[PDB]
Every structure is written in structure tokens, then in C-alpha cells.
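Asker: Each chain, written out:
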Amino acid sequence: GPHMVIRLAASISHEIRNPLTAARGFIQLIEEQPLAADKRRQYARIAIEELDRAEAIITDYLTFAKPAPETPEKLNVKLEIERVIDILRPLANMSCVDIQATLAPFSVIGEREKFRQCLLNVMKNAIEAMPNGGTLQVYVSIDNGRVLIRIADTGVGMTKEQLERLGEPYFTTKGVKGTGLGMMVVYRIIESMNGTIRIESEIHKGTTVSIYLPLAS
Amino acid sequence: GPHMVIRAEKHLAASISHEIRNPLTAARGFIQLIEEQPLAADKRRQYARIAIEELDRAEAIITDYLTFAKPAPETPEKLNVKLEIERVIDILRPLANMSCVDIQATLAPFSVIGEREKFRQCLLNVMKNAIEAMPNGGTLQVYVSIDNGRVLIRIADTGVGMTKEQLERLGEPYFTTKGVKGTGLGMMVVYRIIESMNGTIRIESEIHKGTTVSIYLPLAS
Amino acid sequence: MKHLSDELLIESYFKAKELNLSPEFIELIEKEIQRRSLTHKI
Ligand SMILES: Nc1ncnc2c1ncn2[C@@H]1O[C@H](COP(=O)(O)OP(=O)(O)O)[C@@H](O)[C@H]1O
Ligand SMILES: Nc1ncnc2c1ncn2[C@@H]1O[C@H](COP(=O)(O)OP(=O)(O)O)[C@@H](O)[C@H]1O
Ligand SMILES: [Mg+2]
Ligand SMILES: [Mg+2]
Numbered sequence: 191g192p193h194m195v196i197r207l208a209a210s211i212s213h214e215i216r217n218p219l220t221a222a223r224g225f226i227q228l229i230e231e232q233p234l235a236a237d238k239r240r241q242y243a244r245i246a247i248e249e250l251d252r253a254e255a256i257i258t259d260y261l262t263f264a265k266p267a268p269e270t271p272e273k274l275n276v277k278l279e280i281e282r283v284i285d286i287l288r289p290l291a292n293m294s295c296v297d298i299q300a301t302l303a304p305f306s307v308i309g310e311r312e313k314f315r316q317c318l319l320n321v322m323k324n325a326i327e328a329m330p331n332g333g334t335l336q337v338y339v340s341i342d343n344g345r346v347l348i349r350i351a352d353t354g355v356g357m358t359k360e361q362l363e364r365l366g367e368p369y370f371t372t373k374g375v376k377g378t379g380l381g382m383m384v385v386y387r388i389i390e391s392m393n394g395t396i397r398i399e400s401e402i403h404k405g406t407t408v409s410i411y412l413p414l415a416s
Numbered sequence: 191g192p193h194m195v196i197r198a199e200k206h207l208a209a210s211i212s213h214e215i216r217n218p219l220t221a222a223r224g225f226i227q228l229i230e231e232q233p234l235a236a237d238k239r240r241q242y243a244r245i246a247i248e249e250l251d252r253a254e255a256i257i258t259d260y261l262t263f264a265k266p267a268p269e270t271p272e273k274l275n276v277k278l279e280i281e282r283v284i285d286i287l288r289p290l291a292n293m294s295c296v297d298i299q300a301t302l303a304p305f306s307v308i309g310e311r312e313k314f315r316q317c318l319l320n321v322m323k324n325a326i327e328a329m330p331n332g333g334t335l336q337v338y339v340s341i342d343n344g345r346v347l348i349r350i351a352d353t354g355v356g357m358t359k360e361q362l363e364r365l366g367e368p369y370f371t372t373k374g375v376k377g378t379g380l381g382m383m384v385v386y387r388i389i390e391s392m393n394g395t396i397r398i399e400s401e402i403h404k405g406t407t408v409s410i411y412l413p414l415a416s
Numbered sequence: 001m002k003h004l005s006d007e008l009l010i011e012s013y014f015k016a017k018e019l020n021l022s023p024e025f026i027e028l029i030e031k032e033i034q035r036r037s038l039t040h041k042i
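Chains as they are written, first to last, in the authors' numbering: chain A, 191 to 197, 207 to 416; chain B, 191 to 200, 206 to 416; chain C, 1 to 42.
Only true hints are included.
Result set (EDC-like, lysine to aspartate or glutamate): computed pairs, CA atoms no more than 16 Å apart in a straight line:
1. B:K238 to A:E231
2. A:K238 to C:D6
3. C:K31 to C:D6
4. B:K238 to A:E230
5. A:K313 to A:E390
6. A:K238 to B:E230
7. C:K15 to A:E230
8. A:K238 to B:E231
9. C:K15 to A:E231
10. A:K238 to C:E11
11. A:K265 to A:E312
12. B:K313 to A:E269
These are calculated hints, taken from the structure and not from any lab test.
With the hints as constraints, model all of the structure from the sequences given.
Answerer: In C-alpha cells:
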């Protein structure tokens, strides 16, 4: 049976500094185990794990962010999606994901970097839901006066419990590689653009994310 | 004095991910060398040291760009400049103490329109520079007043100052007099934030005497 | 650091203090020690 949902995190510095603090400390402890190669190796492994955590946070929050305040802009949705797709294209390969893009050059008002971040987080989740093969569908249309972007995957899907918790800060099913912060920023960005989001999913079958945005002239 | 130089009211840096990922990648790479096979103690020590220096770099970029940034997109608000300045001073008090810098603040609760995190980031970058210009003691003066319909935020130090050529280059991406610990990205950010707030900046500086940064912002009513 | 043994965790804690590692790093270790209900070893 399919289900559908209709729609505190730490500051960015705290979120990134936490793992970097841990990595720095364990790196410095390596030389404090001069007789135990296994303890040195464990320290190094933890440090690397924490550095990978930092990298995951950067991916979720800062993939496109530039060191300058953004200004709201008329965004060509087709072009923005294509660039995000180009970035995730190597990730779709290796995991055998077929990207099918039916797009239209409609315009919405937003901030380019944040909008790209929002799109990346949704699409990356879709690819990660299909670890050993699948199909990624990106579709642009007008739905009752508004720009509809829907992102469908044939992946692992979500139960009702998981789906209702989707976007809750730190909720993840991906273990150490998960942050549970990617969808949270998707929601925040969509809200700021005066949009809405629907997520339909069924376990083992897949997930469809529907983004609704006001049409710009 | 006669060495006084001024920068009157009114290119190209890496994206934030690129700037942080460069040192992070290197740190991971060096620790990966230690992890993947048993190395002799001299190489482990060296690789760990380089990794830590690269983590120092990441932390400097985080400081310049992301000290206050929250994952939620910001909305402009009515900002109490006294409260915001006090928050920034609180954060920098340990650093000032470590350089024997005393902080003198004369503040008033005047209001400006802006985005809180960015405004705080802007103030921190200027005050951190002020403290860094005074490595062996001095006074950090922070003054808030009204000047002709504008809020004036004045940040003065008694530090090393700048030549004509250095003040001209201040805010140029990657320009720094601080060598290995410098980023040259702090002031770049300050100018872009103040600009977005419809403000202006005036700087007076004199070698061996110090620097005064004046930020002017529209008064919110 | 959830996979460190109790033994290695405590060992790391005292070694961090000797080197004067970051107070923030020492606090992370202490919090892990507290989580494991082992503060009586500190
Ligand atoms: N397309 C999807 N298919 C299946 N599960 C998903 C999908 N998108 C999100 N989820 C679930 O929601 C959780 C939170 O997502 P997110 O906030 O991006 O964090 P992360 O991806 O780091 O786990 C994921 O761990 C996953 O269980
Ligand atoms: N208060 C100050 N006193 C003296 N020099 C300053 C001051 N503020 C900025 N500068 C000069 O401008 C340069 C660039 O500043 P900034 O962009 O913050 O980079 P960083 O502080 O990383 O060097 C500094 O390296 C310094 O030479
Ligand atoms: Mg995700
Ligand atoms: Mg600086």
C-alpha cells in the first residue's frame, strides 16, 4: 500500500565543526599509540569517518553556495535541472540508474544556488534509493496554474512511518553515511519560494517527489 | 599623522564547497596513507601534521564564511545593532584576551534592516581583523552612534595599520599579510554583505598606529 | 567513536589531556564516557 505526505538542526558551523573536532583529536592521538598498530589504525579510521561526515554535510548544505549574499532571480527550471542532472550523472552510473528527463523551460522566482541545492538533495536521494539499478524520472509541467516538478524513482521506497518522518532533522536510515538533513533543507527552500511539496512512496516500489512552484512571467 | 591613508565609501573567489573541500580532501588523503598500510613513525608524524594544518585551513574558511550561517534561508529582520555587536564581542573575547587586547564598547540599541547571520558574520570578520592587527596588545574600540540618518558602527584598533598599497588591496580575494594562516577572504565577504544591506564602508589606517573601519547603514524606524 | 572499546576510550581521554588537545575534543570524549555511564573512571 502506497502513502503520501503533503508539506532543531544545529547551525552550519556547529554541524561541520563537530566532526572536524573529532577528526583533529584522533589524528593527534595516532602518535600516542607507538606500540599498537591496531589502535593507530582505529584512530585513523575514525578520523576518516568524521571527515566523510563533514563532506556529507557540505554536500547537503553547501554544494552550490558562493561567498556572497544571493538575490532573487527568474530561474529557467529546465536549465537548472539539467545542470543538477549533469552533476549527479556520474553517480547514476556505477549504480546503473537511467535518467529520463522530460523538461520544459518554465520560469520561477528564487535564488539559483539554493534552488540547485534543493533539486540536488531530492535527486541524490532518488539515486541512493536505487543502489543496484533503477530509473530516475524528472518531469516538468503546469499543474493548475503552477510549475510542477516531480522526481520519481523505482527504488526501495518508504513505509508510512518513514515517510511521515521524512525531513525530520537527523532522521536517516543510511547509517554512518546518512545525515538526515538533506530533505529538511529541501522543505525550507521550497517554503521560501512560496511553494509546496508532496511525497508519495510505497516500500520496494519507489518514491515520487512533487514540487509545486508559482509561475513567473 | 602623515602616513594616514583612506579608503572612501564605494574579483573572483572559489565557491564555499570548493574552498573547504580542497584542504579537507588533502587531510583525508594524508590520513588515508596512515590507515591503508603500516608506515614508519616519522612518516605518520609528518602526514598527521600536514593533515592538521589543512584542517586549520578548513576552520579558517568556516570562520570567514559560516560562523553564524544556519541551514534555513534567511529573511530580513529589524536588527538591534547593540545586541548583535554584543554577541560578536562575546565570541571574540577569548581571542582578544590571548593577544592582551582590551575591548572598549560604547553601544546604543539603534536598529537596522538585514539578515541576522550575515550581519553577525560581517561584524566578526572586521573585529577579528582588528584583534589580529594587535598581536602584542592594544585597544579594540567599538562605537555605535547615529550620523545623518545612518547608523554608524565604528571598529577601531591600535594595531599595525596598512600602507596605501595594502589598503587598496584589502578585500581582494586571497590577498593577505598573514601568510600561512591568512585567507584574504574575510573582508571580501564584509563588503558584499554591507552592500546587500544598502550600506557603505570607510576605512582610515596608518602604519604602526592602527585602523578605523566605519560602517554606515540605513537607520530602521 | 561509538566503536572504541571502553578501555581505548578512557586511554584516549587521558592521552588527550596530556597533549592538551582541544577542550572541545576532550568534551566529546567526556560526553561519550558519560553516555556509557563510565564517568566514575574519570
Ligand atoms: N527517494 C527516496 N527513496 C527512499 N527513501 C528516501 C528517499 N528520499 C528520502 N528517503 C528517506 O528519508 C531519509 C532522510 O533523507 P535525507 O534528509 O536526504 O537524509 P539522508 O539522505 O542523509 O539519509 C533517508 O535516510 C531515507 O530513508
Ligand atoms: N584592522 C586591520 N589592521 C591592519 N590590517 C588589516 C586590518 N583589516 C584588514 N587588514 C588587511 O587586509 C588583509 C585582508 O583581510 P581579510 O580579508 O580579513 O583576510 P585575512 O584576515 O585572512 O588576512 C589582511 O591580511 C590585512 O593585511
Ligand atoms: Mg539525502
Ligand atoms: Mg580576516
